[PDB]
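Student: The chain contents come next:
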Amino acid sequence: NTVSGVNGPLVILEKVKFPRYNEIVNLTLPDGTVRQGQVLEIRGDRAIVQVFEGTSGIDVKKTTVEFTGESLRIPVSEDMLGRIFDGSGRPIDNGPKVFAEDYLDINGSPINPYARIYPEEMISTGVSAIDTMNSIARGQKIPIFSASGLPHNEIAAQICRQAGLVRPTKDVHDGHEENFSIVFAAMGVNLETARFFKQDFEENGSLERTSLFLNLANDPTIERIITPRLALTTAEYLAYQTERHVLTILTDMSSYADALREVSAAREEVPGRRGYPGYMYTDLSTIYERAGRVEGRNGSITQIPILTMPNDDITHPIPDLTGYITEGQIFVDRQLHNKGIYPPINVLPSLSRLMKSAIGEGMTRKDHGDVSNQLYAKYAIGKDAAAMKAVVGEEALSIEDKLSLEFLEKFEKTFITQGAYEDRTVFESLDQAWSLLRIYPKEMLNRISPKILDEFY
Amino acid sequence: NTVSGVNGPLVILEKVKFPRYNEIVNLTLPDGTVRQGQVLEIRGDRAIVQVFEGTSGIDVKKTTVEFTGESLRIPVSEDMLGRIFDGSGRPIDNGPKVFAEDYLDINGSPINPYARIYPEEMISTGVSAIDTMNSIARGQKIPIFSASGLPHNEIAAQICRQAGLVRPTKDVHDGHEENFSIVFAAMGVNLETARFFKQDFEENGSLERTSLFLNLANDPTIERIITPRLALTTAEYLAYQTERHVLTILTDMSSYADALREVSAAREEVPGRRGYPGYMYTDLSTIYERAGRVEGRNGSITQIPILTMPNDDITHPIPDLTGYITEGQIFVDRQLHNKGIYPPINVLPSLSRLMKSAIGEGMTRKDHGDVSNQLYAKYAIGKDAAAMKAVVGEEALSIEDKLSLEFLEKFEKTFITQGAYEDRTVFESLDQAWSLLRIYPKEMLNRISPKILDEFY
Amino acid sequence: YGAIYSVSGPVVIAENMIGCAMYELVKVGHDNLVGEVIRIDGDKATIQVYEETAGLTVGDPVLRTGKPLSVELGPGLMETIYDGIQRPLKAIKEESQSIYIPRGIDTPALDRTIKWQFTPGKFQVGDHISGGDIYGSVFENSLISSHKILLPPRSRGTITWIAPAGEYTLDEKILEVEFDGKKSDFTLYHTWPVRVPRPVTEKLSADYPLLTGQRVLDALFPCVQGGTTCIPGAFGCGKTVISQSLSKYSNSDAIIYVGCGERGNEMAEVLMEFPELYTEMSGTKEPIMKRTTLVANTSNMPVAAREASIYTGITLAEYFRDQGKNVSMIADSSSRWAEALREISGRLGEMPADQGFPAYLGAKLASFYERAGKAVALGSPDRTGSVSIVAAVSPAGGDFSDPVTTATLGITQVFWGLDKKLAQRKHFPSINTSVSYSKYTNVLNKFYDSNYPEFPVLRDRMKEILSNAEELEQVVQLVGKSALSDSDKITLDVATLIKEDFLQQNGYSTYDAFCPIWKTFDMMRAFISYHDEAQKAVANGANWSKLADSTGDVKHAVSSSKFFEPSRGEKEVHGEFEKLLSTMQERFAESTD
Amino acid sequence: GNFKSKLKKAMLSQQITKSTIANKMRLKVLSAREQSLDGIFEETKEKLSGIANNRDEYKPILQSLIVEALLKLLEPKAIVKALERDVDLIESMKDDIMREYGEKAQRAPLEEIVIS
Amino acid sequence: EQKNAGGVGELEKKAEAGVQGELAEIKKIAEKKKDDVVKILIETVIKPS
Amino acid sequence: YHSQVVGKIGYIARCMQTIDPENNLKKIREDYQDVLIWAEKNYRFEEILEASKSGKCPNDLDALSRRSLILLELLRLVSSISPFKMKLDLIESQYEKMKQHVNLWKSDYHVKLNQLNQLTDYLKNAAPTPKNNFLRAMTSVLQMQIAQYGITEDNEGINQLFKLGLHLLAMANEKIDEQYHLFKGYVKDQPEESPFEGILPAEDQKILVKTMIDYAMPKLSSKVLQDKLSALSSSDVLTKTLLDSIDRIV
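Chains as they are written, first to last, in the authors' numbering: chain F, 29 to 485; chain B, 29 to 485; chain A, 25 to 283, 738 to 1071; chain G, 60 to 175; chain H, 58 to 106; chain f, 18 to 267.
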């Protein structure tokens, strides 16, 4: 019928109960503009839907209604790589056509193609600290945890720009058996960050194999929160259709959490703690639910989201709830970035739950896990020995604190230092990590096997 | 004529929609006592208004209703001095009426007179440390921050009683060439403090130049929150219509904040963090919007609000919201008041952001700016020397810590020490600070000019 | 149109909603008070009022303006002070005789007391037109016109009638557009919503090499037009002197000053202090007031003007960027608009959030920084425009760790600190390299280095020399000066002279508020060459007193070269700094042998 | 070192132009696919407009279109707005549209057709 | 650097040589097979969708 | 989207037809023939937007913005050089040289045309002073040298005249000694004998020599210097021998 009222971003219009849940509807205004949305709430003689175009300026009695009768679906095809589109899936940003040979509806999963085995193949990004300390798999997800004041766009642009040169060397090692794709979806970012990421992607040479999703803060939050589901659905449809491991970057997580956390006071739902709604765990788990092995046993989906904290505190629901759903995370310390080591991602709180399944005997060294665990324990022991040695001084410094601080300074200034385009292998990083870890004594090292210690010091 | 019910301080009465918002209404009960109030809201045959005298004791189907037909306004005149009034513009002396000549609104701004001139032509009010180190002028505001450990009501009554006596000595120095008036506002005070402040102000001979507004702690919150609007409109009408410098003192801010936090218990509005309402910035901005230099500046409207913290915590928006709008802040220490000094104000944390603009040539001293910085540096060096004197001892103390420690103890009981019925100007405070600063040598004095330092040693 | 149904608190409810949108602003009652319908519930509309609701009874008429709440773009914008709701204080001072907006008084959005001469551009009768194209020219000042008359965005058609040259008012029409019959009448003033971003041709990265008039700020980091940077403040701790000195010392075509939640004391000092200053653009016609746009809203005003003040200033800066000119937008501060959004949300009935801030402040903070930027100008001409956003940060919750400064620091890519001891030392600004950072110096040093720059090598060695001298000052203070190396005393001596000559600036003369890039690059190259020659001479065997006493008039002459005129080499190059390399090389060769 | 840095910058610019050519080729391919889809849609829209001009053969498609559009309303009174050349066809088939609409809807059958 | 910036017509010549004759078979196949989808699309408009 | 491309095509065809009314830009109109074909036939804007949305016309806003900016810079370069019009082959070679550079925000021709348009725009509302007359003669000589030598070739006289015009525009009304010394040094540093012959009028050259003759005339209290300097005021043409003879006497 007509629109009853409007509260916040969602519009409460009155109509019949013929539409279903997630049914596409069109609202006609008297100014010559049409707005499309999805029915999020259906009731008797009234409905509550969120429009993807605009958040204000809706008529009450001078508006018309039109029923589409089709559910909300994203058109995915095998030619989406090499095009620019908006957050609503429209070709208005000077990109390719939005046509697709296939159309599948979304309700949380396209076919529910979850993996039923552990990931064996390991994907290298070109960083000795990131790939060495966190063995990323073909289905495992590892997000980057940063703060307000750190170059997260340079780390994500360096990780995305590293794909294209380390992948041909890693393909010969049996780490990958197909072509790689990239899915970039921007939400709540500036024009300089999207132009710098598109300039780095065009300068790297992956413009025809990557996807461009541009979402700004001036657009609606429903289209910004719906853009990562369409980008992950198009990346999962391209990875399932082509049998190629696709890497998806979801940045920023604070804009997607702020989009769902924005409509929490203009509805009949009771929000949770910190102002966010109580259903944020299902929305955050919905992005991680579309990751893992794909159908066919030749394709997988990689999740590498960028999370920026809006307060710089580690006790938050976005970092704890987002990091609790994924397997591990990569934390960026301000102390490492303030000294000058690039990148500032430290391996102290970083870890990988599937690091043992990602490493094998044909694509990585067998002693990489013992040197990674001994280097991870020696990094925290060197940080605690440097922190105790800084306060204590040189009057009560232990003998192991000098070798731990020397190995922490040499490992932080040797293994942590790396260029934005310099390629590095895990075999040379393990050989340099064995020589850097060889300064410790044999009695101190007790977290490794005796055959690996006798074979290499 | 038909009272629906009563919930808290607001009464819900059933009447017609012909009365406007903020209109005066007369509630006639069957006991024989008529009470007036203001309509808080008008609707379609429903409204909730707050009674000025009492909130309970009326019938539901036996009382009568009547509308006066006039908005809430207090008559402003030049004969308001020398009498005692209430928080609603009613005299409690049992004498003559107001007899005003102009209609000024009390719930809003009549004309909103605020000139765009800078702060200048500073005048003193009776405080040596307050007017010396953080002396404000006409147009700028400076609040007083206290806690629950000192007589802040007696400090506001002594600060209001000390005003008016500096105009004769300041008139010869070209600091005041017009009639001076004081605005006294009391909210949440007792009869003993109001009678002691009225007898103390009448004993010194300042009752004929200031206005007395006494508000009890057993009245409605609408009269206590609307009590400073009559003083602000009386000071703006006397300063603009008479061209005279008027000082406005509003105490206490904790009673107005508790009365504002107690309101809105039956409406759609909810309070913010810490139990207080989220519209306190608009409430403080409404009282701050009726003070300052009017268009055509001949007089001045000075606002000196006294705020007392009930817990002494910095996690409340009362001191941060009041101090954020003003330029500067004054703090009071309980250790200075516990020793016996009156007033026990401290010049170490207190600072003025517009002290150089308020002082000039012809209405203030020349060395008052360097004398306040030298007294503040000598007070900070005396506090550091007094704190280091306990650890260093008496036989191992430095000469600078003992010389600054003697200047801190002598300056704490000489400069900050004042009389309750004595008025000390800034010229006598600068001469008293010059005697405390005369103990230091000429080589150890480098915060003043050589001509002013040689002439005034 | 509508009737007043009920009034509860500061928000008035009006019924008879038969098509009124929830984005258009209307005036309720006969007083024409400012208000806007934030939401609608059935037939009755909920409108928030930013003023006193005294005198409004049940049954008052409600008339909508017919468009959303935005600012008007027309000629005669310089040398005028208005509010965020299009309220001129000059008409209120003439008619009402006050400064603050009074209840029951309404003024026009554009001043109808001053008229400008409109000239025809390159559009003839029957020529094609589009949105953003230059249709003509309008005089905005008595010396030079900068107000470019353009069509509204998202429109096109054919110019059927073109008016001739002459002076006309803003209310009268001067042009008519024909698109699908009689489209509408066109005038000098145009409408634009404050909550809608202005369109453009294409957005790009901020790489425009434009200076802002800061010698120490431009020397420490390369200034670009179109970037995002935040500056910390303390409510009058030195941010007003840096904003007034940056706006007065700036050499851009336009300047945008936005006062959202100021106390009112700096607004009169900025307006009265702006005409007394002398601009550096070759003109004396009140260039500080006429060359800048002043929008000042105090704390005793409505929250709609203070919240929409940054949107109106960003919309005017977007219109000036769309006209084909680079403008600098300086707004102080976002804490008053963030507190006004929570104050309007609490009175309207919105739910709370973390730290007492609303949920829309995160999207509005990203949309505010995303609204400004450098890109191609919209229209057929395709001109170059840029908008530099300079927003001040302050506490609004009881500390500096609020979500406004935290989200603004993470959203922005440049940070500029401000020390209180440096502000007390008469140094403006007092930011250091260890408390600030910027990632856009690669593009500004790439283009400015592309013209004739030496800013990269002197800037990296200057930042490393200041960071080494700042760490060496604590070791020289604690440990002493009888056990350190001789290179640390030369690095601290060069850092003290570079920080004293570069950081020390309070607008003492015309040469201290406007320095060229070649003079700062030669001044930093002379200090870097003097520090490198002193370290190379001390490394080969020499005394510190022999080099310090051997310099003599060169060190005092190098510090006193900033008070002279910059026309030494051709018109902007310093000729004394070029000859100092031969004396430094002769003193370094004489000190070694 | 400086020559290696300039060679790296040229090696990035060459990949930038190589990405730009690959963008232009996909722009041309989309520029052909849009003309193909528009060429199919123009033939479909002309094939519908050719059969739309009939008078004695457009009543069964208009009755099935009004009966199909009547199922999304569920009202006993509906107004049919059409062109000036189709009001006589709906007026001469209003009983067939009400009889055909009543057979597929027993919750709310149409009573009268309103020709605006 | 002069071997990858010479001439502004190399990007159009490099893209016209890639698909300049192959587009006539893709457009000829769609224009030839357009009648098979035009009959079903024209027949679907005359029936209840 | 489509309205900006239709407005860029109509403004490109109207700007191309308004730029040259003789139809001599066959090289510039050859690349813009696909946009001028829609402007040479009667068609509405809705047909161009519907034809561009269906893939039947150009819809590249990035190429139309750069071509519209290059056409606006080429039209502003020809319009800013009035009335010293350049050749069609020099405008075609300058259009090919500007078309051969992808950067449209870092080129010297756009900043030179912007500085020449600002220097010529600053002389419109300026009074008849000596710095405005010397800056007007330097802007006329810079317009003649810019029309003769183009904008696609670097010249020392164009950069020296642009730096002297920017330095003269940057001055004030209290630096007449520095403007007269800069005009004497710029006139003495010119390689040609007369830089104002056939460009400026005789009254502007006689007022320019009369400004230096009247300025140097009251500065000397000698009757021989005033009598010898008074005879040089009857020269209607400005030359380096008059400035050297006036500088030799003073």
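Any given hint could be a false lead.
Just some of the chain A residues that point at chain B, by a computed CB distance under 7 Å [unchecked claim]:
id	residue
1	27
2	31
3	32
4	79
5	81
6	122
7	167
8	223
9	746
10	747
11	777
12	820
13	876
Calculated pairs, DSSO-like style, for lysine-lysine (alpha carbon to alpha carbon, straight line, at most 27 Å) [stated by the list, open to error]:
id	chain 1	residue 1	chain 2	residue 2
14	A	1024	A	1057
15	B	394	A	899
16	f	102	f	70
17	F	226	f	116
18	f	70	A	206
19	f	44	f	116
20	F	438	F	367
21	A	959	A	1057
22	F	89	A	51
23	A	227	G	83
24	G	104	H	70
25	H	85	G	104
26	H	90	G	87
27	B	470	A	227
28	f	102	G	65
29	F	441	A	1033
If you only want the chain G side, here are some residues facing chain H, beta carbon under 8 Å, derived [claimed, not checked]:
id	residue
30	79
31	84
32	103
Please keep in mind that the hints were generated in silico from the structure rather than gathered at the bench. Cβ coordinates follow ideal geometry from the N, Cα and C atoms, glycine included.
Student: Take the hints in turn and mark each one as holding or not.
Tutor: Against the structure, the hints:
no. : hint              : result
1   : 27                : 10 Å, violated
2   : 31                : 5 Å, holds
3   : 32                : 5 Å, holds
4   : 79                : 6 Å, holds
5   : 81                : 4 Å, holds
6   : 122               : 5 Å, holds
7   : 167               : 25 Å, violated
8   : 223               : 35 Å, violated
9   : 746               : 4 Å, holds
10  : 747               : 5 Å, holds
11  : 777               : 5 Å, holds
12  : 820               : 6 Å, holds
13  : 876               : 5 Å, holds
14  : 1024(A) / 1057(A) : 22 Å, holds
15  : 394(B) / 899(A)   : 24 Å, holds
16  : 102(f) / 70(f)    : 40 Å, violated
17  : 226(F) / 116(f)   : 24 Å, holds
18  : 70(f) / 206(A)    : 25 Å, holds
19  : 44(f) / 116(f)    : 11 Å, holds
20  : 438(F) / 367(F)   : 14 Å, holds
21  : 959(A) / 1057(A)  : 33 Å, violated
22  : 89(F) / 51(A)     : 21 Å, holds
23  : 227(A) / 83(G)    : 20 Å, holds
24  : 104(G) / 70(H)    : 37 Å, violated
25  : 85(H) / 104(G)    : 20 Å, holds
26  : 90(H) / 87(G)     : 22 Å, holds
27  : 470(B) / 227(A)   : 64 Å, violated
28  : 102(f) / 65(G)    : 41 Å, violated
29  : 441(F) / 1033(A)  : 38 Å, violated
30  : 79                : 6 Å, holds
31  : 84                : 4 Å, holds
32  : 103               : 5 Å, holds
The structure fails hints 1, 7, 8, 16, 21, 24, 27, 28, 29 (numbered hints given earlier, in ascending order).
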